[PDB]
Amino acid sequence: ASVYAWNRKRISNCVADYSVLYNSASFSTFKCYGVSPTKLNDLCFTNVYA
Amino acid sequence: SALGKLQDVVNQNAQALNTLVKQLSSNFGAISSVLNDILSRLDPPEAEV
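Which chain is which? The protein sequence lines are A and B, in order. According to this note's numbering, the stretch in the first sequence is residues 4 to 53, in order. According to this note's numbering, the stretch in the second sequence is residues 484 to 532, in order.
A portion of the hints provided could be inaccurate.
Incomplete in silico selection of chain B near chain A, CB under 10 Å [as the list claims (entries may be wrong)]: (1) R524; (2) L525; (3) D526; (4) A530.
Selected chain A positions facing chain B (in silico; Cβ < 8 Å) [unchecked claim]: (5) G37; (6) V38; (7) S39; (8) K42; (9) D45; (10) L46.
Far from chain B by the CB rule (all over 10 Å, computed), these chain A residues [stated by the list, open to error]: (11) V6; (12) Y7; (13) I14; (14) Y25; (15) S31; (16) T41; (17) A53.
Derived by calculation from the structure, the hints in this document are not laboratory data. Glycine is no exception: its CB is placed at the ideal position from the N, C-alpha and C atoms.
Bound conformation, chain B alone:
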C-alpha cells in the first residue's frame, strides 16, 4: 500500500469509465436499451419518443 495515491487515481478513472460504459445498458424508461431494436421495431413517431 505504499503507492496508494497513484492507484487511487487510476482506480477512480477506470471506475468512472466502467460506470459510463455500464450506463448504456439502462433503458431510462424506454422499451429497450438497444437503439437498433427500437429502430427495427417501431415507426418513427414513437421511435422518436
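Chain A extracted, bound-state conformation:
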C-alpha cells in the first residue's frame, strides 16, 4: 500500500514463528519497542496487527 492508505491486517488464531523473521538477513531495519526481539517466541500475544 501507499503510506497515506496503509494496509492493516489482523493476525489471529495461529502460531507465529518470529525466529524466521529476526534471523532473516533481508530486513535492513528491525527496531522493536517495548519488547525484546528474541523474547517474541516465549510470549503469547493478543490483538496482533500488521
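Let chain A serve as the given structure and place chain B on it in line with the hints.
Showing chain B alone in chain A's frame:
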C-alpha cells in the same frame, strides 16, 4: 468509642501496611509494575533501566 486510643494505633499500623502493599502496584514510570513481565519482555540492557 471508649477504646479509641488503642484502635487508632491498630488502624494506623494496618493502614501503613496496606499502603506499603499498595505501592507495589505502581510502576513509577516504568512500562509495568510486574517484574516478571519486564524480565520476560525485555533484553537486560533496557530491563536494567
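Hints that the structure is at odds with (numbers, increasing) | 16
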